[PDB]
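The data below hold one chain only, encoded as structure tokens and taken in the form deposited without the partner chain.
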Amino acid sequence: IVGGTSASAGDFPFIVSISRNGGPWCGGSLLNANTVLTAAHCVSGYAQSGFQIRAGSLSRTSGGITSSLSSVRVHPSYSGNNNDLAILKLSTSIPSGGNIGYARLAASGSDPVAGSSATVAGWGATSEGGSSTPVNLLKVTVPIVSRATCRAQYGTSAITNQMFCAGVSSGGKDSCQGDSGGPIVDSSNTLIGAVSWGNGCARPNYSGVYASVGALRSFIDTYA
């Protein structure tokens, strides 16, 4: 996260860190006791055993409850950046309670409205290309950017109905490398997306692009 502040305990009861090979990698959202939602690109085709999920902590490396993966399923229409969601099943069930809880999802067919305020969180880099990453979870609030403006930035084909965008014209507030798969929420803390892609991090006039939960509810609901 670029331009962020430290998340408080219980800000995102459902957020998980996704370590790979023991190191930082992605974020995700706990949907129920054995299921995590993340970005497809975080997991597609990689060795599943390399991943470890942790819930209930502001750190990636201690606290809360861990699990390995039992299975990975990417969206059936995943291609390039499009439809960038995956359902992970957990080898160890994780109970709600305390600072762990399960996400509530954006309604099927909803689309975040330009100008509304979204909050994204993760353990990723604090500058584009940064090597070091924070121990504790960061968050940042950015407005939704219309799909039309986002298509002006990236091209028409590049931004689909299964993506939405968020950021500020001046840049300086965004998700970055290592934040992929983690949550973006609306002002009510309803999960509206997963961190997906963008042109660098926090650049002027290049929004962050997010996989849209409201657009992708059939997949999520079927396999969660």
The other form holds:
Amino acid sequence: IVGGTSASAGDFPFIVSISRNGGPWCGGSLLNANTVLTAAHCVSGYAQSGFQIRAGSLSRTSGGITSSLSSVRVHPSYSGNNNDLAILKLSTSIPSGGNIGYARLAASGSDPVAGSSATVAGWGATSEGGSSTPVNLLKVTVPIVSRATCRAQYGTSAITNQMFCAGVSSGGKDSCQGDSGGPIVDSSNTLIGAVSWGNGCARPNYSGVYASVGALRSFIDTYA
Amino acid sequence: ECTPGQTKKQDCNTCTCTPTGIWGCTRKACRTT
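Following the display of the form deposited without the partner chain, present the structure of the form solved in complex with the partner chain.
Once more the chain from above appears, this time first in line as the rest of the complex follows.
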């Protein structure tokens, strides 16, 4: 996370960190006792056995509850960067209560309105290309960028209706490497997306790109 | 500046050259370095 601040205990009850081979890698969102939603690219092509999840902690190294994976479902139509969601079934059921809860989801076929506010969180780098890896969770609030604008920055075919973007014209606030899969939410804390891709991090005129929960609601309900 | 449609990797992240001639890259934290 670039341009953000330390997150507070309870701001994202459902956020999880996801390590691979004992190192940081991606974030996610707990949907229920045995389901995590992350980015397709966090898990596709990789050995499911390398992944541990942590829920109920601001820290990516300690606290909360952990689980390995039972199975992984990548979007049937995950292609390039499009349809970039995967469902992870957990080996250990993580009950709600205390510091953990489950994510409510953006409405089926909804699309984040340009200019509206959204907040993303994660343990990724704090600068583009930075050697930083925060222990404690970070968060930034950014405006949604209209798809028409994002298409201007990246190209019409690069940005699909299963993606939406967020960022500030002059840069300064973004998700970054290590935040992949992690939640971006509206001001009801509804899960509207997962961190996916971008040109660098927090660059002027280059939005963060997100897999769209609204646009992909069908996939999620089916495999959750 | 890249030729649209080209691909590369920066560590563990796949990058794609978009129509506007820049690299779009995924946002994983790459461990074993």
